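Chemist: Each chain, letter by letter, is given below.
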Amino acid sequence: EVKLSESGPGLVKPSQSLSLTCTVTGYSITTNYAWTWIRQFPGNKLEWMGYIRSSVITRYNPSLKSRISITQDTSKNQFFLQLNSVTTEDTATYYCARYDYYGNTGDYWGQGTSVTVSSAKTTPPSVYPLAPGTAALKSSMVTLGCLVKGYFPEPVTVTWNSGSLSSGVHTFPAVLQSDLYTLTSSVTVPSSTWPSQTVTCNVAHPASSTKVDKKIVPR
Amino acid sequence: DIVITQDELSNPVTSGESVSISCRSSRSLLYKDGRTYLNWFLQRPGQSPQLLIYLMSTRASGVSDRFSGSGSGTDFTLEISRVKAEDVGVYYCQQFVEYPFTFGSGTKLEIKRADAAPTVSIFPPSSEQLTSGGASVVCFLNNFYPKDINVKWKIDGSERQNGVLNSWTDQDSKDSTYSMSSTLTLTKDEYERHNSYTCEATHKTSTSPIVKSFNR
Ligand SMILES: COC(=O)[C@@H]1[C@H]2CC[C@@H](C[C@@H]1O)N2C
Numbered sequence: 001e002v003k004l005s006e007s008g009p010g011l012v013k014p015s016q017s018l019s020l021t022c023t024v025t026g027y028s029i030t031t032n033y034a035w036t037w038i039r040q041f042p043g044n045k046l047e048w049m050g051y052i053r054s055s056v057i058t059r060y061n062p063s064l065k066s067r068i069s070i071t072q073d074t075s076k077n078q079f080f081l082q083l084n085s086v087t088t089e090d091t092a093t094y095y096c097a098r099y100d101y102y103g104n105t106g107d108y109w110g111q112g113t114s115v116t117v118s119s120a121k122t123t124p125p126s127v128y129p130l131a132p133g134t135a136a137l138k139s140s141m142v143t144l145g146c147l148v149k150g151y152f153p154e155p156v157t158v159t160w161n162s163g164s165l166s167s168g169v170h171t172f173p174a175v176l177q178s179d180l181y182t183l184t185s186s187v188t189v190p191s192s193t194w195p196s197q198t199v200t201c202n203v204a205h206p207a208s209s210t211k212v213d214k215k216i217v218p219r
Numbered sequence: 001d002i003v004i005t006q007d008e009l010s011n012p013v014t015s016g017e018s019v020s021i022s023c024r025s026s027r028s029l030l031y032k033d034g035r036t037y038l039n040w041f042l043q044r045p046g047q048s049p050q051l052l053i054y055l056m057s058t059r060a061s062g063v064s065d066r067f068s069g070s071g072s073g074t075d076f077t078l079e080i081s082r083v084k085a086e087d088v089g090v091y092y093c094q095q096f097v098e099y100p101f102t103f104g105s106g107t108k109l110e111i112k113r114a115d116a117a118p119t120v121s122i123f124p125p126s127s128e129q130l131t132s133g134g135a136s137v138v139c140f141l142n143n144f145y146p147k148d149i150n151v152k153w154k155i156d157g158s159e160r161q162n163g164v165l166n167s168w169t170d171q172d173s174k175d176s177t178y179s180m181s182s183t184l185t186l187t188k189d190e191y192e193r194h195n196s197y198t199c200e201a202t203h204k205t206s207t208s209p210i211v212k213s214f215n216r
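Protein chains in written order, with the working numbering: chain A, 1 to 219; chain B, 1 to 216.
Honestly, the hints are just simulated from the structure, not real lab data. Where is the CB? At the ideal position from N, CA and C, for every residue including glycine. Do not take every clue at face value.
Straight-line distance between alpha carbons at most 20 Å, and here's what the computed EDC-like set of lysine to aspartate or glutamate pairs gives [to be verified]:
{"id": "1", "chain 1": "B", "residue 1": "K84", "chain 2": "B", "residue 2": "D175"}
{"id": "2", "chain 1": "B", "residue 1": "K108", "chain 2": "B", "residue 2": "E86"}
{"id": "3", "chain 1": "A", "residue 1": "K45", "chain 2": "B", "residue 2": "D1"}
{"id": "4", "chain 1": "B", "residue 1": "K147", "chain 2": "B", "residue 2": "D87"}
{"id": "5", "chain 1": "A", "residue 1": "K13", "chain 2": "A", "residue 2": "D107"}
{"id": "6", "chain 1": "B", "residue 1": "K204", "chain 2": "B", "residue 2": "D156"}
{"id": "7", "chain 1": "A", "residue 1": "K65", "chain 2": "B", "residue 2": "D175"}
{"id": "8", "chain 1": "A", "residue 1": "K45", "chain 2": "B", "residue 2": "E8"}
{"id": "9", "chain 1": "B", "residue 1": "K108", "chain 2": "B", "residue 2": "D148"}
{"id": "10", "chain 1": "A", "residue 1": "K211", "chain 2": "B", "residue 2": "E128"}
{"id": "11", "chain 1": "A", "residue 1": "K214", "chain 2": "B", "residue 2": "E128"}
{"id": "12", "chain 1": "B", "residue 1": "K112", "chain 2": "B", "residue 2": "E86"}
{"id": "13", "chain 1": "A", "residue 1": "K45", "chain 2": "B", "residue 2": "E98"}
{"id": "14", "chain 1": "B", "residue 1": "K32", "chain 2": "A", "residue 2": "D100"}
{"id": "15", "chain 1": "A", "residue 1": "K65", "chain 2": "B", "residue 2": "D170"}
{"id": "16", "chain 1": "B", "residue 1": "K108", "chain 2": "A", "residue 2": "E47"}
{"id": "17", "chain 1": "B", "residue 1": "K204", "chain 2": "B", "residue 2": "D148"}
{"id": "18", "chain 1": "B", "residue 1": "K112", "chain 2": "B", "residue 2": "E79"}
{"id": "19", "chain 1": "A", "residue 1": "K121", "chain 2": "A", "residue 2": "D179"}
{"id": "20", "chain 1": "A", "residue 1": "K65", "chain 2": "A", "residue 2": "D100"}
{"id": "21", "chain 1": "A", "residue 1": "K45", "chain 2": "B", "residue 2": "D175"}
{"id": "22", "chain 1": "A", "residue 1": "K3", "chain 2": "A", "residue 2": "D107"}
{"id": "23", "chain 1": "A", "residue 1": "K65", "chain 2": "A", "residue 2": "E47"}
{"id": "24", "chain 1": "A", "residue 1": "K215", "chain 2": "B", "residue 2": "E128"}
{"id": "25", "chain 1": "A", "residue 1": "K45", "chain 2": "B", "residue 2": "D7"}
{"id": "26", "chain 1": "B", "residue 1": "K32", "chain 2": "B", "residue 2": "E98"}
Reference listing, derived: stretches of chain B covered by chain A, where coverage requires no fewer than 3 residues with Cβ under 8 Å from a Cβ of chain A [unchecked claim]:
{"id": "27", "region": "10–19"}
{"id": "28", "region": "59–67"}
{"id": "29", "region": "96–107"}
Beyond 12 Å from chain A on every Cβ pair, some chain B residues (computed) [stated by the list, open to error]:
{"id": "30", "residue": "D1"}
{"id": "31", "residue": "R24"}
{"id": "32", "residue": "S26"}
{"id": "33", "residue": "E110"}
{"id": "34", "residue": "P124"}
{"id": "35", "residue": "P125"}
{"id": "36", "residue": "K154"}
{"id": "37", "residue": "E159"}
{"id": "38", "residue": "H194"}
{"id": "39", "residue": "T202"}
{"id": "40", "residue": "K204"}
Please model the complete structure; the sequences and the hints are all you need to start from.
Modeler: Here it is, written out as C-alpha cells:
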C-alpha cells in the first residue's frame with residue numbers, strides 16, 4: 001500500500017525556521033487528497049496545521065498566522081512543511097497524513113517526527129550497563145538493563161541484541177533534568193541463559209548521529 | 001471555533017464488557033448533506049494515531065466490528081463491544097465540519113486485571129559511570145497491578161528523598177500490567193561514603209514492603 005515518512009532536523013533554535021519533509025511511496029501526491037500536516041504537543045494535545053491538495057490548493061490554521069507554508073515537489077513526490085520564527089511553544093511531534101473529503105485517513109499517517117525548539121546544544125547519550133551485583137534464586141528469570149543518561153534532545157531508540165530480543169523488555173519514558181534526558185530500559189531472560197548467551201543493548205541517538213551497543217557482563 | 005470536550009472514564013474496565021466513550025461539540029457537526037462529520041482515533045503508546053470511525057458511525061477499513069459510533073449533532077459515543085486488553089490507549093475525537101479540524105482532549109482506557117505483585121530488581125553504579133565522577137543506583141519494579149505504587153530509598157537505613165527520579169510506563173497491551181523504574185543519582189564521592197542502599201516498594205498485594213538492597 002501507501003507509505004508516508006517524515007524527515008527533518010529534530011532540533012531548532014528559537015526564532016529560526018523549521019522545515020520537515022514527508023516522502024510518499026506507492027501513491028502520487030498530485031492527486032485531489034488533502035496531504036496534511038498535524039502535530040502533537042507535550043500533553044498529547046493534537047493540532048491541525050494545514051494541507052496541500054491537487055498540487056495547488058493549500059489551506060492553513062488561522063492561528064499559525066502567516067508563518068506557515070506548505071509546498072511540494074512532484075519529481076521526488078514529497079511535500080514540505082516550513083514554519084517561520086519558531087518558539088519553544090512549537091516543540092512537538094509532527095505527523096503527515098492523507099485526509100480525504102469525508103475525513104477518512106485510513107492507515108495513511110507517517111510515524112511522526114519529533115521537533116524540539118531550544119538554544120541548548122545537542123549532546124549524545126552515555127550508555128551504562130546494569131548487571132546484578134550478586135546472585136539470586138536461579139532456575140528462574142534474571143533481569144538486566146541499560147541506563148541512558150545525559151542526551152539532548154529526544155528521542156533515543158533502545159533495542160536489545162540488535163532488536164532480535166523483544167520480549168521481556170521494558171523501556172521507560174525519559175525524564176528531563178538540567179535540560180538533559182535520562183532513561184532506562186530493562187530486559188528479563190532465563191537465568192540459565194545469562195551470562196552464557198551474551199546480552200547487549202543498542203542505543204541510537206539520531207540527533208547526534210550516534211549509535212552505541214553495550215554488552216552486559218558479570219561484575 | 002468549535003470546542004470539543006471529552007470526558008474521562010471513572011474506572012478501569014473488565015475485559016469482555018461493553019465500553020462507551022463520550023465526546024461533545026459546542027456546534028452541530030451535521031452538514032447540509034445530512035452527514036455528521038466526526039472521527040474517532042486510537043493512539044497507543046509510542047504510535048501514530050489510528051482512524052477507527054469516521055462520518056460519525058462509519059468503520060475505517062480493517063477495524064474490528066467491536067467498534068461503533070452513534071450520536072446527535074453535538075453528543076457522540078464510541079461503543080466498544082467485548083473490550084480486549086489490546087484496546088487500551090488514548091481515544092480522541094475530531095470534528096471535520098469546519099476549520100480548524102479540532103481534536104478532542106482525549107480519553108484514556110484502562111483494563112482491569114488480576115492484582116500482581118511487583119518484581120523488584122536493584123542495580124549498583126557501573127564502573128564506567130563511576131570513573132566519570134557520577135553514580136546512579138537503579139531499581140526496577142516490573143509487571144504489577146494496580147498502577148498505584150510507592151517506592152522509598154534508604155541509605156544506610158536512613159530515608160533519602162534527594163536525587164530520585166521516577167518513570168512509570170503505560171498499561172501493557174498484552175498482560176495489562178504496569179512497571180516503574182526509580183533512579184537514585186548521587187555524586188561518586190558521596191556514594192563511596194556509604195555502604196548500604198535499599199529500595200523499598202509498598203504495594204496493595206502485601207502489607208510488608210518488598211525490599212531489595214545491596215552493600216558497596
Ligand atoms: C471547512 O470546510 C470543510 O471542512 C469542508 C466541508 C465540506 C465537506 C466537509 C469536508 C471539507 O473539507 N466539510 C463540512
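Chemist: Each of the hints needs a verdict: does it hold here or not?
Modeler: Here is how each hint holds up against the structure:
1. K84(B) <-> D175(B): Status holds; Cα separation ~11 Å.
2. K108(B) <-> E86(B): holds, 13 Å
3. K45(A) <-> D1(B): With Cα atoms ~16 Å apart, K45(A) and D1(B) stay inside 20 Å; holds.
4. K147(B) <-> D87(B): Distance ~17 Å between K147(B) and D87(B) Cα, so the pair holds.
5. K13(A) <-> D107(A): Outside the cut-off at roughly 33 Å; violated.
6. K204(B) <-> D156(B): Measuring from Cα to Cα gives roughly 26 Å; hence the hint is violated.
7. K65(A) <-> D175(B): violated, 46 Å
8. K45(A) <-> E8(B): holds, 15 Å
9. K108(B) <-> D148(B): holds, 16 Å
10. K211(A) <-> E128(B): holds, 17 Å
11. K214(A) <-> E128(B): holds, 11 Å
12. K112(B) <-> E86(B): Cα-Cα ~12 Å, so holds.
13. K45(A) <-> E98(B): Status holds; Cα separation ~19 Å.
14. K32(B) <-> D100(A): With Cα atoms ~18 Å apart, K32(B) and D100(A) stay inside 20 Å; holds.
15. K65(A) <-> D170(B): This hinted pair is violated, its Cα atoms lying about 36 Å apart.
16. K108(B) <-> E47(A): holds, 18 Å
17. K204(B) <-> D148(B): holds, 8 Å
18. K112(B) <-> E79(B): Roughly 18 Å separates the two Cα atoms, so the pair holds.
19. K121(A) <-> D179(A): Roughly 10 Å between the alpha carbons, so the hint for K121(A) and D179(A) holds.
20. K65(A) <-> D100(A): Violated: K65(A) and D100(A) sit about 24 Å apart, past 20 Å.
21. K45(A) <-> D175(B): violated, 28 Å
22. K3(A) <-> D107(A): Measuring from Cα to Cα gives roughly 9 Å; hence the hint holds.
23. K65(A) <-> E47(A): holds, 14 Å
24. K215(A) <-> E128(B): holds, 13 Å
25. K45(A) <-> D7(B): Holds. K45(A) to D7(B) sits at ~15 Å (cutoff 20 Å).
26. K32(B) <-> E98(B): holds, 12 Å
27. 10–19: Check failed, 0 qualifying residues.
28. 59–67: holds (count 3)
29. 96–107: As far as the region 96–107 of chain B goes, the hint holds, because 8 residues have Cβ atoms under 8 Å from chain A.
30. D1: Contrary to the label, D1(B) does not stay out of reach of chain A, its closest Cβ about 9 Å off (not over 12 Å).
31. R24: Nearest chain A Cβ is 17 Å from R24(B), so the label holds.
32. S26: Answer for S26(B): holds, closest chain A Cβ roughly 17 Å.
33. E110: holds, 16 Å
34. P124: Non-interface label on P124(B) violated, nearest chain A Cβ at 5 Å vs cutoff 12 Å.
35. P125: violated, 8 Å
36. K154: It holds; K154(B) is separated from chain A by about 17 Å at its closest Cβ, greater than 12 Å.
37. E159: At about 21 Å from chain A, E159(B) clears the 12 Å cut-off, so the statement holds.
38. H194: Correct as stated: the minimum Cβ-Cβ distance to chain A is 15 Å, above 12 Å.
39. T202: holds, 20 Å
40. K204: Holds, since 21 Å exceeds 12 Å.
Checked against the numbered hints above, the structure breaks hints 5, 6, 7, 15, 20, 21, 27, 30, 34 and 35 and satisfies the rest.
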